[PDB]
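Single chain ahead, written as C-alpha cells, the form deposited without this ligand.
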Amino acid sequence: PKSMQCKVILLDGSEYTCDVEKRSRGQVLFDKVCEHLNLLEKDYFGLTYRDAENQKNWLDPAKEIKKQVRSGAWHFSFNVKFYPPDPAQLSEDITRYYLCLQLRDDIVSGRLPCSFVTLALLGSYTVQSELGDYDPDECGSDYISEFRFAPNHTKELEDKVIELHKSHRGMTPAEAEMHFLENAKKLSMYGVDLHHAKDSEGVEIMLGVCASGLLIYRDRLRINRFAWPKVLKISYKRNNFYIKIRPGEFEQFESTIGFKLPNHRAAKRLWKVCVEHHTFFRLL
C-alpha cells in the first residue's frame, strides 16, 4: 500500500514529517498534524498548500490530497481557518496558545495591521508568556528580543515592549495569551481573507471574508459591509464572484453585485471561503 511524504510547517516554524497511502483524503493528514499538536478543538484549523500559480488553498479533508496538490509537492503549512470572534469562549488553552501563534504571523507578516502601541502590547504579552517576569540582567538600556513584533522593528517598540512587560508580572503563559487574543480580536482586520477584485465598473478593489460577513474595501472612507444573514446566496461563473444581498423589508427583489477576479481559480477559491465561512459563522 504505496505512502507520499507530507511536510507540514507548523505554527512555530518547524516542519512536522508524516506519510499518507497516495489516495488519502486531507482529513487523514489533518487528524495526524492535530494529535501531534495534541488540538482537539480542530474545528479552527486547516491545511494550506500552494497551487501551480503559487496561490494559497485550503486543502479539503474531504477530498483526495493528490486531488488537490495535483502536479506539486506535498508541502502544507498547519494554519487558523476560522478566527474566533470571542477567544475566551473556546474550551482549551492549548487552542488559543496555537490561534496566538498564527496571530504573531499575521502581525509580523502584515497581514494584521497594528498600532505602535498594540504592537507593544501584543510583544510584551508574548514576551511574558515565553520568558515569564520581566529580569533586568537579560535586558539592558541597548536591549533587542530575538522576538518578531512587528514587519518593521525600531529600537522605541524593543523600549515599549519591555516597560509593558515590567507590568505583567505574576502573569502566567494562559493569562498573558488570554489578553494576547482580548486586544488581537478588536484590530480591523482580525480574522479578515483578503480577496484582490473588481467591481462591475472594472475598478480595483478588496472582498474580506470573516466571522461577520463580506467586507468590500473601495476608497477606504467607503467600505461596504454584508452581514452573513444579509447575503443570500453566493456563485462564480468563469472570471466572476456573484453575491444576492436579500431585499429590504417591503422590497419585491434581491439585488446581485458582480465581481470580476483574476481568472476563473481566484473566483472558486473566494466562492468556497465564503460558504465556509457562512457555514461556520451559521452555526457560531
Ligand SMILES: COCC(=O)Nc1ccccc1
Second form
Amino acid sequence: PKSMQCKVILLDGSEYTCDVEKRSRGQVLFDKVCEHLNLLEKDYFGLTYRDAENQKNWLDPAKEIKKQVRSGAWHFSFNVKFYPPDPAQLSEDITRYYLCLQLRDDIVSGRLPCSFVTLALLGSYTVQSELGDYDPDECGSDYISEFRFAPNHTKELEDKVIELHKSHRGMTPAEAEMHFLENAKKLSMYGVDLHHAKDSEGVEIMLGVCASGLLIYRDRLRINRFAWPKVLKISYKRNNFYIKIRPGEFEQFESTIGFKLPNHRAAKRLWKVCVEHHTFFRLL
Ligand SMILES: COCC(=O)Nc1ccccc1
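Since the structure above is the form deposited without this ligand, I would like to see how the form solved in complex with this ligand looks, so please show that one next.
Below is the entire complex, every chain and molecule, led by the chain shown above.
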C-alpha cells in the first residue's frame, strides 16, 4: 500500500511530516494534523496548498489529495478557514490559541490592517500570553521583542507594547488570548478573504468573502455589502463570477451582478469559497 510524504507548515511556523496512502482524501491528512495539534474544534480550519500558478487553494477534504496538488509537491499549510465572529463562543482555549496564531500572521503579513494602538494592544496580549508578567530584567530602554507584531516595526511600537504589557500583570495565557480576540474580531478586515476582480464596466475592484456576506470594495467612498440572506444564487462561467441579489420587498425580479476574474481557476476558487462561507455561516 503506497504512501506519500506530506509536509505541513503549522501556525507556529514549524513543520509536521506524516505519510498517507497516495489515493487518500484530504480529510485523512487533515485528521492527522488536527490530532497532532490536539485540536477538537476542527470545523474552523483547513489545509492550503500553493497551486501550479502559485496561488493558495483550500485542500478539499472530500477529494483525493493527488487530484488537487496534481503536479505539485505534497506541501501544505494549516490555516483558519472560517474566522468565528465571536471567538468567546468557541468551546476550547486551544481553538482560540490557534486562531490567535493565525491572526498574528494575518497582521504581520498586512492582510489584516490595524492602527498603531491596536497593533501595540494585540502585541501586549501576545507577550503576556507567551512570557507572562512584565519583567524589567529583559526590557531596558533599548528593548526590541523577538515577537513580530506588525508589517513594519518601529521603536515607538516596541515601546507601546511594553507600556501596555505592564498593565496586564496576573493575566493568564487563556485570558490574554481572549482579550487579543475581543480586539482582533472588531477590525474591519477580520476574517475577510480578498479576491481581485473587475466589475461589468472593467473597473478594478476587490471582492471580500466573510461570515456576514459579500463585500465589493470599489473606491472606498462606496463599499457594497450583501448579507448572505440577500444572496439567492452564486455561479461561475469561464472567467466570470455572478451573484443573484434578491428583489427588495414588492420587486418582481432578482438583480444580477457580474464580475470578471483574472482566469477561469480564479473564478471557480471565488465561487467555492463563497458557497463554503454561505453554508458555514447559514448553520453557525
Ligand atoms: C459592521 O459591519 C461591517 C461589515 O462590513 N458587515 C457586513 C459585511 C458584509 C455584508 C453585510 C455586512
